[PDB]
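Only one chain is given next, in structure tokens, and it is the form deposited without the partner chain.
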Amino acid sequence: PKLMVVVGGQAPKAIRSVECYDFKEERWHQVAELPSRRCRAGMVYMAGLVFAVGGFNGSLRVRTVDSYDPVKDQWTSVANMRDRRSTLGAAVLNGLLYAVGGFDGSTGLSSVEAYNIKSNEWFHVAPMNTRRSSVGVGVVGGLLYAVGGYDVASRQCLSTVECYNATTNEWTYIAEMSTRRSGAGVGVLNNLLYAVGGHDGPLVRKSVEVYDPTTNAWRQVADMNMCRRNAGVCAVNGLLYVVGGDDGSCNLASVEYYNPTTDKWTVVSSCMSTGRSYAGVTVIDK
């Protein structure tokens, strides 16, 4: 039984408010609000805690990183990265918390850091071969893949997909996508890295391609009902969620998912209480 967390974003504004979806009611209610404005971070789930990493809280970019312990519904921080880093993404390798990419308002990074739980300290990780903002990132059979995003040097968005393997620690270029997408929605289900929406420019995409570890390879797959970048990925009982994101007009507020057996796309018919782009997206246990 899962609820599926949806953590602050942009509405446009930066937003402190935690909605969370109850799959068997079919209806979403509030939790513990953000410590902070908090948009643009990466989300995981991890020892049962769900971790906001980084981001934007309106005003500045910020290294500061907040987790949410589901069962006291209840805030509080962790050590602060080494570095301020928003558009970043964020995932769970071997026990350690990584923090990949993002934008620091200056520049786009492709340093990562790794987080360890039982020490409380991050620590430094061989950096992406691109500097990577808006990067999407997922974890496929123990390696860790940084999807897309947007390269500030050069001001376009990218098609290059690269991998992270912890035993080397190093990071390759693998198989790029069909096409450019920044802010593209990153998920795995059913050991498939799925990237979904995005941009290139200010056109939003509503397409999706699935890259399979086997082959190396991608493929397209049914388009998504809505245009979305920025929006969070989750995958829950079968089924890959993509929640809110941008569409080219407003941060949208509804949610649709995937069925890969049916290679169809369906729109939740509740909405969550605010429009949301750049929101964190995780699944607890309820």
Contents of the next structure:
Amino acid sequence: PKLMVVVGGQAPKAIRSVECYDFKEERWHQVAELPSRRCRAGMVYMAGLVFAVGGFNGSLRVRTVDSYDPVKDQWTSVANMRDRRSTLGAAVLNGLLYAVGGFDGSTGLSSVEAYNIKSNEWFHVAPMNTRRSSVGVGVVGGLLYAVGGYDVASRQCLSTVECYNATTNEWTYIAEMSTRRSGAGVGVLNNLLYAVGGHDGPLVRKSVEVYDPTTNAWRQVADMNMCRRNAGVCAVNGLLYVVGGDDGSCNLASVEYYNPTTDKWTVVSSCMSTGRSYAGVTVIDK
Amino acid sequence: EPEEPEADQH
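Next, report the structure of the form deposited with the partner chain bound; the form deposited without the partner chain has already been given.
Shown next: the complete complex, the earlier chain at its head.
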């Protein structure tokens, strides 16, 4: 029994709303709202809590971090990050929460920091090879991957991907994606890393590609039903869910899921209370 | 400062 949790986002401005999808009831619910309006935050499930990391409050990029206890339905502040980070990616690897890249209000970041829940402290780890704002991240096979994004040095949306090894504290480029994707959704399903949508300038992608670490190669799968950048992504019960996002002009309220056995994308019949982009998405135990 | 994400700033 899982619940999909969707936190904040732009609809069209930063909001506090936190919605949960109950797969058994097949209904959405509003749960405890974020203490402050947020979009473009990282989102992870760790130690039974949902961590909302950084983001944008409509005015400033922030270094705040809050954790949500699904049982108590309560948000609590945790230690601020070292750096302001908005449009970062966040992931858990070996019990540490990583905040990867993003934008601090000035420039995109190659820096990365990690959070130790035992000490409630953040510390920098090795930076990425490239600055990446609007970066997606995923963990598979004990490695952390930073996928696409935007590099202000070259003013390019990125087709490159790099992988972090926590044992050596090193980032290394892996195989390049087929196309540039800033704002790609990233998920992991059946030992494959998915890069979902994104954009290259005003060109928003409906294409999706998958990466196999054992072969270090990418290939494309079925297109989504619609173009999406800044969509949230999670894996549930053998399917990959893609939540909201925008098509470059409008924020989307729809969710669609991918079935890797049928190579088909299906739009979920029940949409969120409103179209939202840049929302944090994760899955928790019910 | 611009409210848009960095990738969207011009």
